[PDB]
Every structure is written in structure tokens, then in C-alpha cells.
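Only one chain comes next, encoded as C-alpha cells, the form deposited without the partner chain.
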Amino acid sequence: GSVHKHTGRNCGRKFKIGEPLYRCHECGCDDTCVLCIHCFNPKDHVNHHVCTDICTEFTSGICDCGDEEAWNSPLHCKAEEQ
């Protein structure tokens, strides 16, 4: 796949229509904390309760990967893998 890292900052990517918004009960500060397809690392969340929402006109937002305020645990952004 293609990759564009956001090293040293937050992701903040606006979700595209049809795309999943990933949330994790264990890792997220709260239920508004979400991760995009570029960033969500399945390895961070193996035995966690992860849910996906789907981006629409009413359901939108920005990816919180790299926003320290959004996460209990250190995330390993999928984009950073090579």
C-alpha cells in the first residue's frame, strides 16, 4: 500500500465517505476518540473491544492518532511501519 506518515504530529485526517472510524474501549480517552484506516494498528488492539463506525454525511470527524489527549496507551501508528 501507499503511506504518508504524520511523524511528530497528530493525524487529523478527515474521514472519507464509506470509511471506517475505529474506536477502542480500552485505549480511547472516550467514545469520541477515533482512528483512520491509515493509522489503526490491529497489533495495538488484539484483545481490545474495537468498534467501527462508517463515515456518512451525519457521521464524520478527524483521526486522533498522535493526539496524546485521546489515548490511554501509546499507539503505534500503522503508517510508521515499513
Second form
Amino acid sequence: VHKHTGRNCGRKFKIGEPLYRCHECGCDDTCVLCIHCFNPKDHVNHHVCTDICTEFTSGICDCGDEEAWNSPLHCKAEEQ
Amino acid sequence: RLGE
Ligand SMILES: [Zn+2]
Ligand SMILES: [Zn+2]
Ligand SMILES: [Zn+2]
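Right, the form deposited without the partner chain is done; let's see the coordinates for the form deposited with the partner chain bound.
Then the entire complex follows, led off by the chain already shown.
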């Protein structure tokens, strides 16, 4: 359902929705992952922070956009 | 990305 094989996720966050950042994996502070995409197995000993999309905040999940990540990601939605 |  949340699978996006061959392309980026690009899910636009809604108010109150959680999002993920990894200090090690993100190219900068703005690189984020939705809950359907964030895979714990990609960030075992990494520094991960969960945030919440506010009224004052907007944008999209970067899962599958290689420009956003220092390391290749393994999308959670791909797992069976 | 997230911003704004
Ligand atoms: Zn996503
Ligand atoms: Zn994904
Ligand atoms: Zn990471």
C-alpha cells in the first residue's frame, strides 16, 4: 500500500503526523522520512529523532531520493 | 524535505 518501488516516496506530511531524521544518514537537517518508510534496521547505532509536522512546518518524505541520504536506504514498505 |  505504501510501497513506492522505483521512485521516491514524496508523501506530504499532514498536521500532527510523525516524521524521522537521522544525524548520520541525512545530508542536512531537512532530510526526513515518514513512518511507513523509516526502517530501524537502517539506523541501528545512529542518532534518530522523531518530530511532528506542525502548522508552521511543511514538506515531504525523502525515502528513495538518493540526494537526501549519505547511505542507501532500505524502505520498510518493501518488507513483507 | 521538510521546511517552511
Ligand atoms: Zn515515506
Ligand atoms: Zn519508502
Ligand atoms: Zn541513519
